[PDB]
There are 2 protein chains.
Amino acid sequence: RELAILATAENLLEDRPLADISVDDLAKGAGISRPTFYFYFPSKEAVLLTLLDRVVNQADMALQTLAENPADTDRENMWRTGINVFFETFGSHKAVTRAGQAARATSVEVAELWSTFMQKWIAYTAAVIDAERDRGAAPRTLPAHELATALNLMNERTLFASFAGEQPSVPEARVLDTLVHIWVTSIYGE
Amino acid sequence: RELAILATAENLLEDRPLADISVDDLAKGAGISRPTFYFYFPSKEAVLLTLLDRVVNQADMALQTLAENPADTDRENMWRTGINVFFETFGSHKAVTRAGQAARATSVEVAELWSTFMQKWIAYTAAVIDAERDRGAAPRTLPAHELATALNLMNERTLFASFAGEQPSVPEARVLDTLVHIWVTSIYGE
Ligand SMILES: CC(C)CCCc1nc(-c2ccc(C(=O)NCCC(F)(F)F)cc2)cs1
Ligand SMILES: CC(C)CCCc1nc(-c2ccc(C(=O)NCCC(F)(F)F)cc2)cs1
(Lines of atoms letter the chains of each structure in order from A and count residues from 1; the text may use other names and numbers.)
(Lines give C-alpha, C1' and ligand atoms only; values in the text may rest on other atoms or scores of the structure.)
(Ligands and ions follow the chains in the order given, each with its own letter.)
Protein backbone atom coordinates (compact mmCIF):
# COMPACT_ATOMS: atom_id res chain seq x y z
CA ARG A 1 0.00 0.00 0.00
CA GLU A 2 3.03 2.34 0.54
CA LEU A 3 4.08 1.47 -3.08
CA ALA A 4 0.48 2.13 -4.30
CA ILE A 5 0.50 5.59 -2.61
CA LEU A 6 3.88 6.39 -4.22
CA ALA A 7 2.79 5.16 -7.70
CA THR A 8 -0.50 7.15 -7.38
CA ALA A 9 1.46 10.32 -6.44
CA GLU A 10 3.95 9.89 -9.35
CA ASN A 11 0.99 9.36 -11.77
CA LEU A 12 -0.98 12.43 -10.50
CA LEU A 13 2.14 14.68 -10.56
CA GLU A 14 2.27 14.12 -14.39
CA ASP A 15 -1.14 15.95 -14.63
CA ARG A 16 -0.92 18.65 -11.90
CA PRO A 17 1.22 20.23 -9.17
CA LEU A 18 1.36 18.76 -5.62
CA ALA A 19 -0.73 21.82 -4.41
CA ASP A 20 -3.66 20.48 -6.60
CA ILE A 21 -3.34 16.85 -5.30
CA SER A 22 -5.20 16.12 -1.99
CA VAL A 23 -4.39 13.38 0.59
CA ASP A 24 -7.91 12.12 -0.44
CA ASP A 25 -6.67 11.89 -4.11
CA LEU A 26 -3.63 9.79 -3.01
CA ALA A 27 -5.78 7.58 -0.76
CA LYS A 28 -8.40 6.89 -3.49
CA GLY A 29 -5.65 5.95 -6.00
CA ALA A 30 -4.02 3.50 -3.50
CA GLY A 31 -7.42 1.92 -2.62
CA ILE A 32 -7.31 3.04 1.06
CA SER A 33 -9.06 5.65 3.31
CA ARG A 34 -7.61 9.06 4.40
CA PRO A 35 -6.77 8.02 7.98
CA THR A 36 -5.20 4.82 6.53
CA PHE A 37 -3.00 7.10 4.32
CA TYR A 38 -1.72 8.79 7.55
CA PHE A 39 -0.54 5.36 8.77
CA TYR A 40 1.99 5.35 5.87
CA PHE A 41 2.90 9.06 5.44
CA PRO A 42 2.40 12.13 7.64
CA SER A 43 1.58 14.43 4.63
CA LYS A 44 1.48 14.60 0.80
CA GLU A 45 4.82 16.54 1.21
CA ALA A 46 6.42 13.42 2.79
CA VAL A 47 5.15 11.38 -0.21
CA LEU A 48 7.00 13.70 -2.63
CA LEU A 49 10.12 13.60 -0.36
CA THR A 50 10.09 9.77 -0.58
CA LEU A 51 9.58 9.85 -4.40
CA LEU A 52 12.51 12.29 -4.80
CA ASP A 53 14.66 10.24 -2.37
CA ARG A 54 13.99 7.12 -4.53
CA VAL A 55 14.95 8.83 -7.82
CA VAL A 56 18.04 10.53 -6.30
CA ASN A 57 19.26 7.24 -4.84
CA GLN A 58 18.57 5.47 -8.19
CA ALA A 59 20.88 7.98 -9.95
CA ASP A 60 23.50 7.73 -7.16
CA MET A 61 23.55 3.89 -7.27
CA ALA A 62 23.81 3.99 -11.11
CA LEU A 63 26.86 6.27 -10.87
CA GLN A 64 28.35 3.96 -8.15
CA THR A 65 27.83 1.00 -10.57
CA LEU A 66 29.66 2.80 -13.43
CA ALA A 67 32.46 3.77 -10.94
CA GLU A 68 33.03 0.06 -10.04
CA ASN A 69 32.76 -1.26 -13.71
CA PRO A 70 34.61 1.34 -15.87
CA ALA A 71 33.50 1.43 -19.61
CA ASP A 72 36.34 0.59 -22.09
CA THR A 73 36.22 3.73 -24.29
CA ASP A 74 37.87 7.21 -24.66
CA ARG A 75 37.63 10.08 -22.11
CA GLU A 76 34.75 11.82 -24.01
CA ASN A 77 32.65 8.64 -23.83
CA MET A 78 33.63 8.14 -20.11
CA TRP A 79 32.16 11.57 -19.22
CA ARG A 80 29.14 10.97 -21.52
CA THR A 81 28.30 7.73 -19.62
CA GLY A 82 28.38 9.63 -16.30
CA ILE A 83 26.22 12.58 -17.44
CA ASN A 84 23.88 10.03 -19.04
CA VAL A 85 23.09 8.53 -15.59
CA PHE A 86 21.44 11.84 -14.69
CA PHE A 87 19.87 12.42 -18.14
CA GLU A 88 18.21 8.94 -18.11
CA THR A 89 17.38 8.72 -14.39
CA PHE A 90 15.81 12.21 -13.93
CA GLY A 91 14.53 12.30 -17.56
CA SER A 92 12.64 9.00 -16.90
CA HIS A 93 10.95 10.64 -13.82
CA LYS A 94 10.15 14.15 -15.15
CA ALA A 95 7.15 14.81 -12.88
CA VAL A 96 9.07 13.83 -9.69
CA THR A 97 12.07 15.90 -10.97
CA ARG A 98 9.87 19.00 -11.56
CA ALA A 99 7.93 18.68 -8.29
CA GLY A 100 11.03 17.83 -6.21
CA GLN A 101 12.93 20.90 -7.51
CA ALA A 102 9.90 23.16 -6.78
CA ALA A 103 9.70 21.71 -3.19
CA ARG A 104 13.32 22.89 -2.52
CA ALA A 105 11.82 26.37 -1.85
CA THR A 106 9.31 25.19 0.81
CA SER A 107 10.74 21.92 2.31
CA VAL A 108 13.95 21.95 4.40
CA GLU A 109 14.07 18.12 4.04
CA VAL A 110 13.93 18.34 0.19
CA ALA A 111 16.58 21.15 0.15
CA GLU A 112 18.83 19.10 2.49
CA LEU A 113 18.38 15.91 0.38
CA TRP A 114 19.25 17.77 -2.84
CA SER A 115 22.20 19.55 -1.17
CA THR A 116 23.59 16.29 0.31
CA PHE A 117 23.60 14.43 -3.05
CA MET A 118 24.95 17.38 -5.08
CA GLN A 119 27.86 17.59 -2.61
CA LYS A 120 28.49 13.87 -3.14
CA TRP A 121 28.31 14.06 -6.96
CA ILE A 122 30.56 17.19 -7.01
CA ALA A 123 33.13 15.47 -4.73
CA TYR A 124 33.17 12.42 -7.03
CA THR A 125 33.51 14.65 -10.13
CA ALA A 126 36.47 16.50 -8.49
CA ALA A 127 38.12 13.15 -7.52
CA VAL A 128 37.93 11.97 -11.16
CA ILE A 129 39.32 15.31 -12.48
CA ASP A 130 42.14 14.98 -9.90
CA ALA A 131 42.88 11.39 -11.11
CA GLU A 132 42.94 12.65 -14.76
CA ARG A 133 45.43 15.42 -13.75
CA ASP A 134 47.58 12.92 -11.71
CA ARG A 135 47.89 10.60 -14.78
CA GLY A 136 48.84 13.61 -17.07
CA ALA A 137 45.62 13.54 -19.21
CA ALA A 138 44.10 16.82 -17.85
CA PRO A 139 45.95 20.12 -17.25
CA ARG A 140 46.13 21.75 -13.82
CA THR A 141 43.91 24.80 -14.53
CA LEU A 142 41.08 25.72 -12.10
CA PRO A 143 40.76 24.20 -8.64
CA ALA A 144 39.10 20.85 -9.45
CA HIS A 145 36.33 21.16 -6.79
CA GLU A 146 35.36 24.66 -8.07
CA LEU A 147 35.27 23.44 -11.69
CA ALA A 148 33.27 20.35 -10.59
CA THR A 149 30.77 22.53 -8.71
CA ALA A 150 30.03 24.83 -11.73
CA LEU A 151 29.73 21.81 -14.13
CA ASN A 152 27.33 20.00 -11.73
CA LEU A 153 25.20 23.19 -11.31
CA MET A 154 25.19 23.71 -15.08
CA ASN A 155 23.83 20.15 -15.47
CA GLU A 156 21.19 20.61 -12.77
CA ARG A 157 19.83 23.81 -14.39
CA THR A 158 20.27 22.72 -18.04
CA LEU A 159 18.90 19.12 -17.76
CA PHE A 160 15.87 20.26 -15.70
CA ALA A 161 15.11 23.22 -18.01
CA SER A 162 15.29 20.79 -20.99
CA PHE A 163 12.96 18.22 -19.34
CA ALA A 164 10.43 21.00 -18.45
CA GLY A 165 10.55 22.54 -21.99
CA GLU A 166 11.40 25.92 -20.39
CA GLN A 167 12.01 28.99 -22.58
CA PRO A 168 14.95 29.11 -22.84
CA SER A 169 16.22 25.52 -22.89
CA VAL A 170 18.41 23.22 -24.93
CA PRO A 171 16.22 20.68 -26.79
CA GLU A 172 16.10 17.41 -24.86
CA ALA A 173 17.50 15.54 -27.90
CA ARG A 174 20.60 17.86 -27.89
CA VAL A 175 21.18 18.38 -24.16
CA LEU A 176 23.49 15.34 -23.57
CA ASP A 177 25.88 16.25 -26.44
CA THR A 178 25.81 19.91 -25.30
CA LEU A 179 26.82 19.13 -21.72
CA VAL A 180 29.43 16.49 -22.74
CA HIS A 181 31.16 19.10 -24.98
CA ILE A 182 31.33 21.69 -22.18
CA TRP A 183 32.59 19.11 -19.57
CA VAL A 184 35.28 17.66 -21.89
CA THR A 185 36.57 21.03 -23.19
CA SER A 186 36.63 22.59 -19.69
CA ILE A 187 38.31 19.54 -18.03
CA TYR A 188 40.97 18.89 -20.76
CA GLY A 189 41.38 22.42 -22.23
CA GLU A 190 44.44 24.56 -21.40
CA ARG B 1 7.40 58.43 -3.43
CA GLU B 2 7.56 55.57 -6.03
CA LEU B 3 11.40 55.64 -5.55
CA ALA B 4 10.94 55.65 -1.72
CA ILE B 5 8.65 52.56 -1.94
CA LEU B 6 11.22 50.78 -4.16
CA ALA B 7 14.18 51.70 -1.89
CA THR B 8 12.17 50.59 1.20
CA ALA B 9 11.36 47.23 -0.48
CA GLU B 10 15.03 46.64 -1.53
CA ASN B 11 16.16 47.47 2.06
CA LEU B 12 13.56 45.15 3.74
CA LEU B 13 14.31 42.27 1.30
CA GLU B 14 17.91 42.21 2.73
CA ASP B 15 16.38 41.19 6.15
CA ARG B 16 13.42 38.95 5.19
CA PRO B 17 11.44 37.34 2.35
CA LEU B 18 8.66 39.24 0.50
CA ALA B 19 6.08 36.95 2.30
CA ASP B 20 7.21 38.59 5.65
CA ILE B 21 7.00 42.20 4.28
CA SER B 22 3.49 43.82 4.43
CA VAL B 23 2.12 46.64 2.20
CA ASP B 24 1.96 48.51 5.60
CA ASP B 25 5.77 47.91 6.02
CA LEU B 26 6.45 49.40 2.53
CA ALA B 27 4.11 52.35 3.17
CA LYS B 28 5.69 53.21 6.56
CA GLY B 29 9.21 53.12 5.04
CA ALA B 30 8.17 55.47 2.16
CA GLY B 31 6.43 57.90 4.60
CA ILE B 32 2.93 57.33 3.09
CA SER B 33 -0.36 55.55 4.08
CA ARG B 34 -1.54 52.09 2.83
CA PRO B 35 -4.18 53.43 0.40
CA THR B 36 -1.54 55.94 -0.85
CA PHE B 37 0.76 52.92 -1.54
CA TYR B 38 -2.01 51.48 -3.81
CA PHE B 39 -1.86 54.68 -5.89
CA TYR B 40 1.71 53.69 -6.92
CA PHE B 41 1.60 49.86 -7.00
CA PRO B 42 -1.25 47.34 -7.04
CA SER B 43 0.59 44.86 -4.69
CA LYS B 44 3.93 44.16 -2.94
CA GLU B 45 4.41 41.59 -5.83
CA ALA B 46 4.34 44.46 -8.38
CA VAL B 47 6.98 46.28 -6.27
CA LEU B 48 9.33 43.26 -6.55
CA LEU B 49 8.55 42.98 -10.32
CA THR B 50 9.60 46.65 -10.76
CA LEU B 51 12.80 46.12 -8.67
CA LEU B 52 13.74 43.05 -10.76
CA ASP B 53 12.86 44.89 -14.01
CA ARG B 54 15.25 47.72 -12.95
CA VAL B 55 18.17 45.37 -12.16
CA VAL B 56 17.62 43.25 -15.32
CA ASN B 57 17.54 46.36 -17.51
CA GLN B 58 20.67 47.72 -15.73
CA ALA B 59 22.56 44.52 -16.67
CA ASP B 60 21.14 44.58 -20.24
CA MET B 61 22.13 48.25 -20.80
CA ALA B 62 25.64 47.53 -19.39
CA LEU B 63 26.09 44.68 -21.88
CA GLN B 64 24.77 46.96 -24.70
CA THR B 65 27.40 49.57 -23.64
CA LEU B 66 30.25 47.00 -23.80
CA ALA B 67 28.90 45.79 -27.22
CA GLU B 68 29.16 49.36 -28.65
CA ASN B 69 32.63 50.16 -27.04
CA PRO B 70 34.68 46.91 -27.40
CA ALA B 71 37.58 46.53 -24.80
CA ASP B 72 41.08 46.33 -26.41
CA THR B 73 42.29 43.01 -24.90
CA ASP B 74 42.46 39.24 -25.70
CA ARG B 75 39.44 36.90 -26.16
CA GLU B 76 39.62 35.61 -22.52
CA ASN B 77 39.37 39.17 -21.19
CA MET B 78 36.54 39.97 -23.72
CA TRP B 79 34.39 37.14 -22.28
CA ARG B 80 35.41 38.07 -18.70
CA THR B 81 34.13 41.65 -19.23
CA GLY B 82 30.76 40.30 -20.44
CA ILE B 83 30.27 37.79 -17.58
CA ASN B 84 31.37 40.53 -15.18
CA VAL B 85 28.33 42.66 -16.17
CA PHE B 86 26.13 39.99 -14.60
CA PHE B 87 28.48 39.29 -11.64
CA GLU B 88 28.60 43.01 -10.68
CA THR B 89 25.00 43.96 -11.55
CA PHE B 90 23.19 41.03 -9.84
CA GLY B 91 25.91 40.71 -7.13
CA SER B 92 25.34 44.40 -6.21
CA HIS B 93 21.56 43.67 -5.77
CA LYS B 94 21.64 40.27 -3.97
CA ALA B 95 18.30 40.66 -2.16
CA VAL B 96 16.42 41.63 -5.38
CA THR B 97 18.25 38.76 -7.21
CA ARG B 98 17.22 36.19 -4.54
CA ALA B 99 13.62 37.43 -4.24
CA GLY B 100 13.16 37.84 -8.02
CA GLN B 101 14.35 34.26 -8.72
CA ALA B 102 12.01 32.89 -5.99
CA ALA B 103 9.06 34.86 -7.55
CA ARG B 104 9.59 32.99 -10.89
CA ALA B 105 7.62 30.08 -9.33
CA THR B 106 4.54 32.19 -8.39
CA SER B 107 4.50 35.23 -10.79
CA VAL B 108 3.87 34.77 -14.54
CA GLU B 109 5.11 38.38 -15.06
CA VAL B 110 8.45 37.64 -13.26
CA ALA B 111 8.87 34.32 -15.19
CA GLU B 112 8.12 36.12 -18.50
CA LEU B 113 10.56 38.98 -17.67
CA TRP B 114 13.35 36.52 -16.80
CA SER B 115 12.59 34.38 -19.89
CA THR B 116 12.55 37.42 -22.24
CA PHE B 117 15.99 38.71 -21.09
CA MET B 118 17.65 35.26 -21.00
CA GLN B 119 16.51 34.76 -24.62
CA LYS B 120 18.08 38.13 -25.51
CA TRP B 121 21.38 37.42 -23.69
CA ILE B 122 21.58 33.89 -25.22
CA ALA B 123 20.94 35.29 -28.73
CA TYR B 124 23.70 37.87 -28.24
CA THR B 125 26.09 35.20 -26.90
CA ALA B 126 25.35 32.98 -29.96
CA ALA B 127 25.89 35.97 -32.34
CA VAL B 128 29.34 36.61 -30.80
CA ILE B 129 30.30 32.90 -30.99
CA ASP B 130 29.16 32.95 -34.65
CA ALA B 131 31.34 36.05 -35.33
CA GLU B 132 34.34 34.30 -33.64
CA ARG B 133 33.78 31.21 -35.89
CA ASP B 134 33.35 33.42 -39.05
CA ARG B 135 36.75 35.13 -38.36
CA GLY B 136 38.48 31.68 -37.79
CA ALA B 137 39.16 32.17 -34.01
CA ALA B 138 36.60 29.56 -32.76
CA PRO B 139 36.03 26.05 -34.18
CA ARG B 140 32.66 24.94 -35.56
CA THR B 141 31.74 22.41 -32.82
CA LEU B 142 28.26 22.53 -31.20
CA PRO B 143 25.39 24.57 -32.60
CA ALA B 144 26.24 28.06 -31.27
CA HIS B 145 22.72 28.78 -29.88
CA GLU B 146 22.68 25.44 -27.96
CA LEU B 147 26.16 26.11 -26.52
CA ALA B 148 25.11 29.70 -25.66
CA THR B 149 21.97 28.45 -23.90
CA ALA B 150 23.86 25.96 -21.62
CA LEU B 151 26.56 28.59 -20.77
CA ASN B 152 23.91 31.23 -19.91
CA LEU B 153 21.98 28.71 -17.72
CA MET B 154 25.23 27.65 -16.03
CA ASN B 155 25.86 31.33 -15.17
CA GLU B 156 22.32 31.89 -13.90
CA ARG B 157 22.51 28.88 -11.52
CA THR B 158 26.18 29.30 -10.52
CA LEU B 159 26.23 33.11 -9.95
CA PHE B 160 22.95 33.01 -7.95
CA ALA B 161 24.05 29.99 -5.86
CA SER B 162 27.33 31.85 -5.11
CA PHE B 163 25.54 35.10 -4.10
CA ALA B 164 23.13 33.13 -1.81
CA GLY B 165 25.99 31.11 -0.19
CA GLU B 166 24.12 27.89 -1.14
CA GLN B 167 25.61 24.48 -0.30
CA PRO B 168 26.95 23.65 -2.80
CA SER B 169 28.31 26.81 -4.43
CA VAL B 170 31.51 28.22 -5.86
CA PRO B 171 32.90 30.90 -3.49
CA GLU B 172 31.87 34.35 -4.68
CA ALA B 173 35.56 35.38 -4.92
CA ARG B 174 36.21 32.45 -7.34
CA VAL B 175 32.99 32.36 -9.38
CA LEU B 176 34.05 34.85 -12.14
CA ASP B 177 37.34 33.01 -12.92
CA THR B 178 35.46 29.66 -12.80
CA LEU B 179 32.83 30.72 -15.34
CA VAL B 180 35.36 32.51 -17.63
CA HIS B 181 37.43 29.27 -17.83
CA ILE B 182 34.41 27.15 -18.80
CA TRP B 183 33.15 29.73 -21.40
CA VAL B 184 36.60 30.18 -23.03
CA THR B 185 37.49 26.44 -23.15
CA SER B 186 34.03 25.44 -24.45
CA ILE B 187 33.90 28.24 -27.11
CA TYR B 188 37.51 27.85 -28.42
CA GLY B 189 38.18 24.15 -27.64
CA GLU B 190 38.14 21.52 -30.41
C1 LIG C 1 32.87 5.76 -15.97
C2 LIG C 1 32.68 6.29 -14.55
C3 LIG C 1 34.02 6.30 -13.80
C4 LIG C 1 31.99 7.68 -14.58
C5 LIG C 1 33.04 8.74 -14.85
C6 LIG C 1 32.41 10.01 -15.41
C7 LIG C 1 31.91 10.83 -14.28
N8 LIG C 1 30.78 11.52 -14.34
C9 LIG C 1 30.50 12.20 -13.22
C10 LIG C 1 29.32 13.08 -13.11
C11 LIG C 1 28.86 13.59 -11.92
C12 LIG C 1 27.77 14.43 -11.88
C13 LIG C 1 27.03 14.72 -13.06
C14 LIG C 1 25.85 15.62 -13.00
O15 LIG C 1 25.07 15.68 -14.01
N16 LIG C 1 25.54 16.31 -11.90
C17 LIG C 1 24.32 17.04 -11.81
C18 LIG C 1 23.16 16.13 -11.39
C19 LIG C 1 21.84 16.75 -11.68
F20 LIG C 1 20.85 15.93 -11.41
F21 LIG C 1 21.66 17.86 -10.96
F22 LIG C 1 21.69 17.14 -12.93
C23 LIG C 1 27.50 14.21 -14.25
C24 LIG C 1 28.57 13.37 -14.30
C25 LIG C 1 31.42 12.15 -12.21
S26 LIG C 1 32.70 11.13 -12.75
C1 LIG D 1 33.09 43.05 -25.15
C2 LIG D 1 31.62 42.78 -25.51
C3 LIG D 1 31.47 42.59 -27.02
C4 LIG D 1 31.07 41.60 -24.68
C5 LIG D 1 31.48 40.30 -25.34
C6 LIG D 1 31.45 39.14 -24.36
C7 LIG D 1 30.05 38.63 -24.27
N8 LIG D 1 29.51 38.21 -23.13
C9 LIG D 1 28.25 37.79 -23.26
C10 LIG D 1 27.49 37.23 -22.12
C11 LIG D 1 26.13 37.02 -22.14
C12 LIG D 1 25.49 36.47 -21.06
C13 LIG D 1 26.18 36.18 -19.86
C14 LIG D 1 25.47 35.60 -18.69
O15 LIG D 1 26.06 35.57 -17.56
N16 LIG D 1 24.21 35.16 -18.79
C17 LIG D 1 23.49 34.75 -17.62
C18 LIG D 1 22.87 35.96 -16.91
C19 LIG D 1 22.48 35.61 -15.51
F20 LIG D 1 22.04 36.67 -14.86
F21 LIG D 1 21.51 34.69 -15.50
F22 LIG D 1 23.44 35.09 -14.78
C23 LIG D 1 27.54 36.39 -19.85
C24 LIG D 1 28.19 36.95 -20.90
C25 LIG D 1 27.72 37.77 -24.51
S26 LIG D 1 28.93 38.39 -25.58
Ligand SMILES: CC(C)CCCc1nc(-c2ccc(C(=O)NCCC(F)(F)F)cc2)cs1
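Superpose the two forms; the largest set of C-alphas matching within 1.5 Å is the rigid core. Shifts are known only where both forms have a C-alpha. Positions refer to the first chain, counted from 1. Compared with the form solved without this ligand:
- After superposition on the rigid core, the Cα atom of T73 is displaced by 2 Å or more between these two forms.
- Taking only residues common to both forms and fitting on the rigid core, the CA shifts of 2 Å or more between these two forms cluster into a single run of 3 or more residues at 69 to 73.
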Second form
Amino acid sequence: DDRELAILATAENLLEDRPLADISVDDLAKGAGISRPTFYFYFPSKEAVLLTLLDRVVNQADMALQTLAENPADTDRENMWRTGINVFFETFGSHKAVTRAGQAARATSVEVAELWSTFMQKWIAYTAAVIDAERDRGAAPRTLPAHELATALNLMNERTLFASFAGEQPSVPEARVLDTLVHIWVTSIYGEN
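Previous: the form deposited with this ligand bound; requested now: the form solved without this ligand:
A single chain, with no partners or molecules, comes next.
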Protein backbone atom coordinates (compact mmCIF):
# COMPACT_ATOMS: atom_id res chain seq x y z
CA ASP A 1 0.00 0.00 0.00
CA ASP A 2 2.85 2.32 0.90
CA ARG A 3 5.04 0.64 -1.72
CA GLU A 4 2.17 1.07 -4.19
CA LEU A 5 2.46 4.85 -3.86
CA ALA A 6 6.20 4.49 -4.44
CA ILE A 7 5.57 2.64 -7.74
CA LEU A 8 3.17 5.30 -9.00
CA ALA A 9 5.47 8.18 -7.99
CA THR A 10 8.41 6.45 -9.72
CA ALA A 11 6.40 5.91 -12.91
CA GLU A 12 5.20 9.51 -13.09
CA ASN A 13 8.78 10.75 -12.52
CA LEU A 14 10.27 8.43 -15.13
CA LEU A 15 7.59 9.24 -17.73
CA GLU A 16 8.76 12.86 -17.77
CA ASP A 17 11.77 12.17 -20.01
CA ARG A 18 11.09 8.60 -21.24
CA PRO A 19 8.10 6.90 -22.91
CA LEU A 20 6.48 3.96 -21.12
CA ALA A 21 8.20 1.52 -23.51
CA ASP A 22 11.61 2.70 -22.30
CA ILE A 23 10.47 2.03 -18.71
CA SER A 24 10.98 -1.51 -17.48
CA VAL A 25 9.20 -3.22 -14.61
CA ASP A 26 12.58 -3.43 -12.90
CA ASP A 27 12.76 0.38 -13.14
CA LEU A 28 9.61 0.79 -11.06
CA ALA A 29 10.57 -1.96 -8.61
CA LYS A 30 13.92 -0.28 -7.94
CA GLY A 31 12.22 3.10 -7.59
CA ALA A 32 9.93 1.64 -4.92
CA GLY A 33 12.62 -0.25 -3.02
CA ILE A 34 11.32 -3.74 -3.91
CA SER A 35 12.38 -6.79 -5.90
CA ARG A 36 10.92 -7.13 -9.42
CA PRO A 37 8.51 -10.04 -8.59
CA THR A 38 7.18 -8.12 -5.56
CA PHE A 39 5.87 -5.52 -8.07
CA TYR A 40 3.16 -7.94 -9.22
CA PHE A 41 1.41 -7.85 -5.82
CA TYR A 42 0.58 -4.22 -6.62
CA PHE A 43 0.21 -4.14 -10.39
CA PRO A 44 -0.19 -6.71 -13.17
CA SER A 45 1.97 -4.75 -15.66
CA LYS A 46 3.50 -1.34 -16.29
CA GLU A 47 0.46 -0.57 -18.48
CA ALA A 48 -1.70 -0.93 -15.38
CA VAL A 49 0.48 1.61 -13.56
CA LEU A 50 -0.11 4.14 -16.33
CA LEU A 51 -3.87 3.36 -16.30
CA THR A 52 -4.02 4.02 -12.53
CA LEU A 53 -2.09 7.31 -12.91
CA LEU A 54 -4.33 8.47 -15.74
CA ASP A 55 -7.47 7.41 -13.87
CA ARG A 56 -6.45 9.56 -10.91
CA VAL A 57 -5.63 12.62 -13.05
CA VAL A 58 -8.85 12.33 -15.06
CA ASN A 59 -10.89 11.93 -11.92
CA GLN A 60 -9.12 14.90 -10.31
CA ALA A 61 -10.43 17.02 -13.18
CA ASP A 62 -13.84 15.33 -13.00
CA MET A 63 -14.30 16.14 -9.32
CA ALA A 64 -13.04 19.72 -9.73
CA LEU A 65 -15.59 20.37 -12.48
CA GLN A 66 -18.40 18.72 -10.56
CA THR A 67 -17.58 20.96 -7.61
CA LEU A 68 -18.33 23.90 -9.91
CA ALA A 69 -21.47 22.20 -11.28
CA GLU A 70 -23.08 22.12 -7.81
CA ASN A 71 -22.57 25.81 -6.96
CA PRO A 72 -24.26 29.04 -8.07
CA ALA A 73 -23.64 30.52 -11.50
CA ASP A 74 -21.18 33.41 -11.56
CA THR A 75 -22.57 36.88 -12.29
CA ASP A 76 -19.66 37.12 -14.75
CA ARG A 77 -20.26 34.87 -17.76
CA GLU A 78 -16.71 35.14 -19.12
CA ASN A 79 -15.35 33.97 -15.76
CA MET A 80 -17.67 30.94 -15.53
CA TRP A 81 -16.19 29.44 -18.70
CA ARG A 82 -12.66 30.46 -17.69
CA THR A 83 -13.05 28.61 -14.39
CA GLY A 84 -14.17 25.44 -16.16
CA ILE A 85 -11.46 25.53 -18.84
CA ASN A 86 -8.91 26.28 -16.11
CA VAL A 87 -9.66 22.98 -14.35
CA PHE A 88 -8.39 21.19 -17.48
CA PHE A 89 -5.44 23.56 -17.86
CA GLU A 90 -4.32 23.22 -14.22
CA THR A 91 -5.11 19.53 -13.65
CA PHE A 92 -3.51 18.11 -16.78
CA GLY A 93 -0.85 20.84 -16.85
CA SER A 94 0.24 19.59 -13.41
CA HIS A 95 0.66 16.03 -14.82
CA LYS A 96 2.17 16.63 -18.25
CA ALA A 97 4.10 13.36 -18.53
CA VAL A 98 1.06 11.24 -17.61
CA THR A 99 -1.09 13.35 -19.94
CA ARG A 100 1.42 12.74 -22.75
CA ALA A 101 1.75 9.01 -22.02
CA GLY A 102 -2.05 8.78 -21.74
CA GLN A 103 -2.50 10.23 -25.22
CA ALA A 104 0.03 7.81 -26.72
CA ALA A 105 -1.80 4.87 -25.12
CA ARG A 106 -5.20 5.79 -26.61
CA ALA A 107 -4.09 3.90 -29.74
CA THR A 108 -3.01 0.70 -27.99
CA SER A 109 -5.21 0.29 -24.91
CA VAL A 110 -8.96 -0.18 -25.01
CA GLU A 111 -9.10 0.80 -21.34
CA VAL A 112 -7.32 4.12 -21.92
CA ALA A 113 -9.30 4.91 -25.08
CA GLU A 114 -12.57 4.26 -23.24
CA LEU A 115 -11.58 6.30 -20.18
CA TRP A 116 -10.74 9.32 -22.35
CA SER A 117 -13.68 8.96 -24.76
CA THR A 118 -16.09 8.64 -21.81
CA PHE A 119 -14.62 11.62 -19.90
CA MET A 120 -14.83 13.80 -23.03
CA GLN A 121 -18.40 12.69 -23.77
CA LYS A 122 -19.36 13.54 -20.18
CA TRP A 123 -18.00 17.08 -20.25
CA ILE A 124 -19.13 17.77 -23.79
CA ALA A 125 -22.57 16.70 -22.60
CA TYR A 126 -22.31 19.14 -19.68
CA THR A 127 -21.10 21.95 -21.97
CA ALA A 128 -24.04 21.35 -24.33
CA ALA A 129 -26.45 21.49 -21.37
CA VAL A 130 -25.06 24.83 -20.12
CA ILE A 131 -25.27 26.31 -23.62
CA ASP A 132 -28.85 25.07 -24.01
CA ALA A 133 -29.66 26.54 -20.59
CA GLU A 134 -28.13 29.85 -21.68
CA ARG A 135 -30.41 29.90 -24.71
CA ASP A 136 -33.53 29.09 -22.68
CA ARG A 137 -32.83 32.19 -20.56
CA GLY A 138 -32.16 34.45 -23.54
CA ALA A 139 -28.48 34.81 -22.69
CA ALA A 140 -27.27 33.05 -25.83
CA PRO A 141 -28.46 33.04 -29.46
CA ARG A 142 -29.83 29.87 -30.96
CA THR A 143 -27.21 29.25 -33.57
CA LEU A 144 -25.58 25.87 -33.91
CA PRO A 145 -26.93 22.73 -32.30
CA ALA A 146 -25.58 22.97 -28.73
CA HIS A 147 -23.88 19.56 -28.67
CA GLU A 148 -22.02 20.07 -31.95
CA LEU A 149 -20.80 23.49 -30.87
CA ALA A 150 -19.78 21.97 -27.52
CA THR A 151 -17.95 19.08 -29.22
CA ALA A 152 -15.78 21.31 -31.41
CA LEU A 153 -14.94 23.67 -28.56
CA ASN A 154 -13.97 20.75 -26.32
CA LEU A 155 -11.92 19.15 -29.13
CA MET A 156 -10.05 22.44 -29.66
CA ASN A 157 -9.19 22.48 -25.96
CA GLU A 158 -7.96 18.90 -25.95
CA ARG A 159 -5.69 19.52 -28.95
CA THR A 160 -4.54 23.03 -27.93
CA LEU A 161 -3.85 22.23 -24.30
CA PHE A 162 -1.99 19.10 -25.34
CA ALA A 163 0.10 20.97 -27.89
CA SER A 164 0.92 23.54 -25.23
CA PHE A 165 1.75 20.89 -22.59
CA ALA A 166 3.99 18.82 -24.88
CA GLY A 167 5.96 21.82 -26.06
CA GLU A 168 5.00 21.11 -29.64
CA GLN A 169 5.20 23.54 -32.45
CA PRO A 170 2.86 24.75 -33.47
CA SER A 171 1.25 25.81 -30.23
CA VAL A 172 -0.17 28.64 -28.14
CA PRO A 173 2.32 29.87 -25.49
CA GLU A 174 1.47 28.44 -22.08
CA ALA A 175 0.90 31.80 -20.38
CA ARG A 176 -1.59 32.67 -23.17
CA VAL A 177 -3.63 29.50 -23.81
CA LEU A 178 -6.30 30.16 -21.15
CA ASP A 179 -7.14 33.62 -22.55
CA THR A 180 -7.03 32.31 -26.12
CA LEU A 181 -9.47 29.46 -25.47
CA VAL A 182 -11.80 31.52 -23.31
CA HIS A 183 -12.11 34.17 -26.02
CA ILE A 184 -13.11 31.54 -28.59
CA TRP A 185 -15.65 29.82 -26.34
CA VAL A 186 -17.25 33.12 -25.30
CA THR A 187 -17.50 34.69 -28.77
CA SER A 188 -18.70 31.49 -30.46
CA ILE A 189 -21.18 30.69 -27.67
CA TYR A 190 -22.63 34.24 -27.31
CA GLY A 191 -22.13 35.80 -30.78
CA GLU A 192 -23.88 35.43 -34.13
CA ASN A 193 -22.84 36.66 -37.58
